[PDB]
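Chemist: What follows is each chain in one-letter form.
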Amino acid sequence: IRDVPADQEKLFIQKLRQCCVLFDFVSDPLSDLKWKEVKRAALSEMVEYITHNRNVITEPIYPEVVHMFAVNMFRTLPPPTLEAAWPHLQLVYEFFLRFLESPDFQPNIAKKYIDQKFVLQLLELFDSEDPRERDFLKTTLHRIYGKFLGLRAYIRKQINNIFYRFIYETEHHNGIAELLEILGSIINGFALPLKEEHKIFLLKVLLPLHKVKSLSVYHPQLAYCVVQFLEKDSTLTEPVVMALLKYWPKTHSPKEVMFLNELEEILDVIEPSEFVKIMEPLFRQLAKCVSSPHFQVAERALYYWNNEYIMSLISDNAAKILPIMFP
Amino acid sequence: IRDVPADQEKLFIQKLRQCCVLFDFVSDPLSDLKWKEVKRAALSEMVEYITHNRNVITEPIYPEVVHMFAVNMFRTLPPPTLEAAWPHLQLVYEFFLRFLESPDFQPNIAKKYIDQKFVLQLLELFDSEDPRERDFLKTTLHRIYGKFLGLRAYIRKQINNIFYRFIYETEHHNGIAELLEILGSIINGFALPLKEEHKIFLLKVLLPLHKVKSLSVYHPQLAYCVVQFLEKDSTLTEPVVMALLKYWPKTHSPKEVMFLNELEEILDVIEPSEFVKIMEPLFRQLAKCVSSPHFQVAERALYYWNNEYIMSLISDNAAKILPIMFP
Amino acid sequence: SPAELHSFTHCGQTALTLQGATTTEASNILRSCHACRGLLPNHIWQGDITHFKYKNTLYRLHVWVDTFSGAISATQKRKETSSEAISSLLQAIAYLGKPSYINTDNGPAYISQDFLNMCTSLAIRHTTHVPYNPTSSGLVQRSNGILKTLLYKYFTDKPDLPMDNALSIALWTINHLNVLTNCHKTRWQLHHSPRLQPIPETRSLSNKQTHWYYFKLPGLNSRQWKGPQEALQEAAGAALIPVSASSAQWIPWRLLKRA
Amino acid sequence: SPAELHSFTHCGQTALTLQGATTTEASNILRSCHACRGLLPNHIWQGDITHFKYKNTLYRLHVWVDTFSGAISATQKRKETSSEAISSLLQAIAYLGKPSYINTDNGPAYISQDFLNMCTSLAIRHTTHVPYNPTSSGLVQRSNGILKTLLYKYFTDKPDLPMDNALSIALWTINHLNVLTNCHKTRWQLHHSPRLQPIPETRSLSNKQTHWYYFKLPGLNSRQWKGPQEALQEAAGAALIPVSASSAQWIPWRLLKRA
Amino acid sequence: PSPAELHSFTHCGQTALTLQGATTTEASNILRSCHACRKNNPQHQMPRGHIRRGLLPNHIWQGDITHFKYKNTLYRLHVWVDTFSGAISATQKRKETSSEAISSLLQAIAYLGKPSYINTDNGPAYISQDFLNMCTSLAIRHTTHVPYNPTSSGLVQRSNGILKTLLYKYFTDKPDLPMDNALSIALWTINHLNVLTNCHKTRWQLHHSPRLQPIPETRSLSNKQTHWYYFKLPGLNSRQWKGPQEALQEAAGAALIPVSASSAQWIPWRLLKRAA
Amino acid sequence: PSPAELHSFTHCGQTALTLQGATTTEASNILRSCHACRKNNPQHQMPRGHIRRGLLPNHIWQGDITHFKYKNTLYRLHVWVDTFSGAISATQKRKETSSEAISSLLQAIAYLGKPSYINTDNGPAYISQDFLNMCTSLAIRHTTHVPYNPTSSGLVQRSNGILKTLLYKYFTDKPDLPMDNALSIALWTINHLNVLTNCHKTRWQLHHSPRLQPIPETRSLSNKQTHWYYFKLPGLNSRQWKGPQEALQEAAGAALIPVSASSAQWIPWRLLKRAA
DNA sequence: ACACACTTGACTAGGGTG
DNA sequence: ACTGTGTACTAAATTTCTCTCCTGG
DNA sequence: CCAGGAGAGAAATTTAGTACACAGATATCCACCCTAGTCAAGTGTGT
DNA sequence: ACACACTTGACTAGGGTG
DNA sequence: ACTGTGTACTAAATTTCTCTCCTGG
DNA sequence: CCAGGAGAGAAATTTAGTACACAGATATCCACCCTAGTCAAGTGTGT
Ligand SMILES: [Mg+2]
Ligand SMILES: [Mg+2]
Ligand SMILES: [Zn+2]
Ligand SMILES: [Zn+2]
Ligand SMILES: [Zn+2]
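Residue numbers (the deposited numbering), protein chains in the order written: chain E, 30 to 33, 35 to 109, 125 to 372; chain F, 30 to 33, 35 to 109, 125 to 372; chain B, 1 to 36, 52 to 274; chain D, 1 to 36, 52 to 274; chain C, 0 to 275; chain A, 0 to 275.
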């Protein structure tokens, strides 16, 4: 069964809706596989048809497409794993993404069809362990959040919920990075002076986050977050003073030395105005962590007599650090 | 004295009108020749100024230019001779001709300024003996007659007057050919059926003209007139039959053999419908002029067994000329 | 110039004062160098072949002469077969003009079909003379004798000339710098006076125009055009549109509207 | 093909079923030819020189390996002066990408003023590694050893192949057809993923457009255009204007309106 | 007809015929059956084929080899360019072997990308047997342009000119530096620091992102109807037109004419002239 | 810096500058201070000085000499044209010595008409002292063109093309007829039977009738102000631009200018890359 | 058992396209 | 002191007309 | 019953807009790769 | 009257533009 | 079976703005 | 007393519209005319 011809959107909403039969595909495909391949070919035609023309996307289908979405993948996952039916979910995805950024998508119409419980029935999918879908899900969320406002701040609160529930105990959510990137896209798109809510929820949970362990799996992107955080918001750097320092680890580990590698790659936007009050509490740990039990601190604690301007800072306003720096 | 500057046609009508001093130039130029050359230079500038621009020729000058014309050459001539002051009259002429066919000459305005006694005070100049002016006068008359209607038929009658007064006695007018050409231009520009007036004044004076002698001086052009007369009007050929024949000369002379050369160059538009009634009165002189006193008629009267279609005519309808053509 | 133009050209007495010499100085030019079937309006021709004084070998002057105006066009060659009696005619036709009645004589070079096999292919009535009809000689011979005497006027002085330039120059003088009778017209300007336009009745108007049209590129810029204006001149090349500067120019033009 | 693309390049177990082989067809392919300073995203680099077991002469090859993605670009020379390390870097930088923080040990080819006289010209913070700092060896040497292995897996067969193609092919496989972790991304894919556009606040829109373009010239006629509506593609070349025929084309294009 | 055989005796322009007195349309008919008067004026109104190639996908490449800097060292370079996204890879040193060309292609694959078609000139270093054996060892097609037609490779030919006069710039200045790197530099430029038209992307990044897109398709070429037409031998032997009777097999931009040797040939339309 | 001098290390395009983050127009300033970038990119935006003479009523002949197909023998044709009415006179047989060129002029003058100026190229048969003495003996001027510049004589060079392909037409048909009278034929059908152009007047008429017209006036080549131009030697020696300092006597279209030989030529503007 | 009836070969020559 | 140009060839406008056959004088 | 008349060819007929090539001309060399012929080393017969 | 001082020339040589 | 193209260079539109300084709230 | 506001630069900054040249490469010949020197017939010294 296939077509391209009367050129009636009704016969095409038929082609769309007629996928309303659903396969149970855990281990039993033997019963008439052909409905499966024909479905794949159907959606193939559907996608390049949407690329074909302009007037294809009128109202009578909007809640149907969003329903066909929900019916096609809105279900649980078993809490490095991939999908048997993968190229099928990989096509419902690519079809939806192209559907979203299609030119003729008017938001004022879809506003009632975009739903808050819907998007909650979307974000909980990031907990899965397929990286591939965890990509399509990344990009699609980035398009929604770029294309709506109410749900924009709504999801902001929803994720802060997840944040809380995650950091305070041992959630192996294993799908965090994809939001840390949607975050970075946001924290770039700002203009201060503004509401403190953002920076507040950062000093609330973002930095306390480092109480967490296994940091290798989310360290780079969070570092790129904190730097996208500072620029220009960076004058908001005065209160960052000692935050990680109190959240400093206690035992001997390459965790600590990775966090050193971090701290080494963050002293970049210093400005001497408030830098008066911080060079001392800086050295109150940096010059005072030689007592660490690593065998590396022998050249760890002394990586700052070597920069261009960090050294010139050691010779800029040294009227207060001069006796403390070991002669 | 000269100029080109305020760009006021009043200062240019001044330049024009200030030629209002007139030279008596029979034999006495000694008195301040310089006014003469400066005049020549003046009109030179005037001419190329008229070639220069568009808006130069407004009303306030029209009767002035025609007056300056009349005052400059409307005078008697001594009844192969040329002009001492020639390049001066040759410039008032060329200036006027270019003035006439200038684009911005509106006839509806100059209609009251073009005058019938004026044109009579122009045509009587053709009697002169300078060929050069007899050329400029030719062409200018041809422009007038092309650019007016009332005076058109008027001058037609005026010349028919001249015709009469000329042909009936021994007028040595010596300036005829120039009208015979303006005639030919007219007789081309016709569309019969029409008023017989034209053809009437032709059978009235045009062919009777050949009573005249010395024909060489206007013979070619008149031959070209009579042929422009016939074509296509030529079916109007039926009545031309015997006209010259009765106007045939009487004595022995190269006049007659020139008229033979004519008659030889006129048998070109025969059509057998009315040609029935004429081939006989044709041969009633052609075959019957062997009695001429020339020594040439021995091969003069027999130049017609030799054509392409004249011979085929002798073999087309010979059912009436067969015994008369000498076997 | 007049004494050199004299010896270079060197025709005659009449047409020299129109270059700047006075009456008596023209006669004193004569005193100088001590060596000096109808009328058939345009294109009903006549022609002839002629011998010539062998410098050491006689050449065959082969000429055509109009009968209305009196122009001349001829050439030089050795043989006299219809091959080249043709080539002579054909050249004269590339000169002026294109005839309709060719009467020269009953010569074999005219007898050959090679001749008629060319004439007929040009729609050219061939009317040929009655042989030995010198009643037209005193005139065609007037022309030919002119050619003769002019040639010997050339190379009796400076016999170093080849026999081509002598003919070229002989013509260029005989057909631009002479007036026959009081007509005060050269053979040439007469033979090419643009004929007077015949006048229509009841259409007593005129059409001397081509509609206005835009213009650019006097100088050194590309932009929108200007005007338009009428154009009061024209020629292969430019068209002399009167620029808005109350002045004139010449440009290879842009548009041609209807007028 | 997959058994041949293997013998062509000698990949392993993972990245072959994505060309059409099943699970066991990958393990049996292994049974065929048996037993044969943080993360710093993007561009904060690191590099090194290495010797190499000869064919008969020890080839000295430098290399530059990214630290965020894990790509590699390198070459082989005979001499190892500063002019050499220079030409090596500069080539890798015409390979991808253009860094801003470069690191190395303190060999002589890293000391010379000319080297400095080039680094400074490119706004490139050139730091110094601590010489003999093998805490980064397990990863750099992970790469280097990869190369060493692959090369010997190449020329242990058909040893007559020249000693450069072995390098070219070695790369083309090591940088288009591998993933080590579960990232399911080739090094070279990852290293050039167009970065996600950062969303601006309070203007939740986008700009992806250029409106008509009067189009013509699908085929074989010059005439007025057709009103050319949007372009959903673009490239040096043509732009995919959707023809009113409900069909698509590719043309080098005429107009550019605002959008 | 005095109109017609007049043209058949002088070959004068139609306007002259009109003034002789025959209507324009009959004139226009005459001036398209004076076969000589047709075989001589070179005027060439066939429609241009601007069709260097379609590029639905990426990866239909193009090859060409060039001589640089013959002050003392002829400096032979090979270039391959891609014609979806105008990206250039270029490797010289001197030689011409098949083995050299092969080593160059094999190197360009390490740069981007890994093609699926190819086409170059007629060849010799490309016509080698072992060359095509390397091709087939990589599951790649291969094609050759018509012989003796330089514009055929218009794209590359232009990208060559772009590359030379960038080198020349550098070598006016700094006239000592070795070519190995003054080339590596001129490449990093051509790829990363320029833009083309309102496309307004850097060739490279355009070559990277959009492959996320699908591929339209147009196939099943049809509607073949011959014609007849005299033009010209394509051996640069420019002369009067060369008349053939008629196309054995039509094509799209090209044609196929039996030369009197009863041999197939593929003339491009930029060399033909239609007849009855 | 990185904005400013980057061009001074790569010579990248202005767009690349602004997009790396430089300014908007001082870019444009930078891209006119790289003597290298100017000595290398070729372009002649200098205006198309394109003009003959001819204002006169048909009195500048402009005539050159050329070759012809050999049936079995070359045929030299000299041809002089006019410049206000495109009328052509042409005399050939084999020889291109001075004395024959002279006899050609002396013939093509009988056919209308005696000139007042003349123009040609540097051909030897024209540089002859004897030709010159003949000219002067006839009260004519004479001029040459800058050497090595064929376009200079565009008009006649084209009327040549016109005459050849008319001959070829005839000799396609009737391929026996003698190779001279078919010239007198072509000369007819070029002067009398062929409407020129939009002017719509056969050359012959356009050449006779309008002599009745006067002469407009234009004068005063004046207002000299120099400049500097680095462009290219005009000896077909196409290469990088050839830079001098600067004009000595600018004139209409062309420009006097000294080469380093302290010698002065007149480079046609069409080879000058303006830089002040 | 070695002289000849039988092969390659190497190795020119020549041609064709850029 | 000095400088590109004229014709051929085909699609498209545009302008005649032209019978079809409608209309109320 | 039929003079102006939309009007769909239609036909006809003008106009517009690009391409092409005139220029002094050929021969000769060069880097490469393939096919076709020509003496120069190798092996089975007869008694 | 037979020993040398004075032109062309012829006659080479070479170059420059098409 | 097979087919020209991309950049440089300058005038001209056109679109920011911009103080001048007028106006009646 | 001064915010919108013609408005004349103005400045700035975009766009539009043509030209150019990548192609395998040089040497060698040819028709002609001019300028510069080189012995070779013709004529001037010393008696
Ligand atoms: Mg090539
Ligand atoms: Mg020449
Ligand atoms: Zn293996
Ligand atoms: Zn023809
Ligand atoms: Zn530069």
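Derived from the structure by calculation, the hints contain no laboratory data. One should not assume that every hint holds.
[Unchecked claim] No farther apart than 30 Å at their CA atoms in a straight line, the calculated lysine-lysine pairs in the DSS-like style are these:
(1) C:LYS38 - A:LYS68
(2) F:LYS300 - F:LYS240
(3) C:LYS92 - D:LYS173
(4) F:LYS244 - F:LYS183
(5) E:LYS45 - E:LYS64
(6) D:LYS200 - E:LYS183
(7) D:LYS241 - C:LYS241
(8) B:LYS173 - A:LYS113
(9) F:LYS45 - F:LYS202
(10) E:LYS40 - E:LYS202
(11) B:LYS241 - A:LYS113
Chemist: Compare the structure with each hint and give your call.
Modeler: Hint-by-hint comparison with the structure:
no.: 1; hint: C:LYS38 - A:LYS68; result: holds (17 Å)
no.: 2; hint: F:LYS300 - F:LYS240; result: violated (34 Å)
no.: 3; hint: C:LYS92 - D:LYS173; result: holds (25 Å)
no.: 4; hint: F:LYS244 - F:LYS183; result: holds (23 Å)
no.: 5; hint: E:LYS45 - E:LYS64; result: holds (16 Å)
no.: 6; hint: D:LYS200 - E:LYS183; result: holds (15 Å)
no.: 7; hint: D:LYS241 - C:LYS241; result: violated (38 Å)
no.: 8; hint: B:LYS173 - A:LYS113; result: holds (23 Å)
no.: 9; hint: F:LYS45 - F:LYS202; result: violated (39 Å)
no.: 10; hint: E:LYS40 - E:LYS202; result: violated (40 Å)
no.: 11; hint: B:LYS241 - A:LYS113; result: violated (39 Å)
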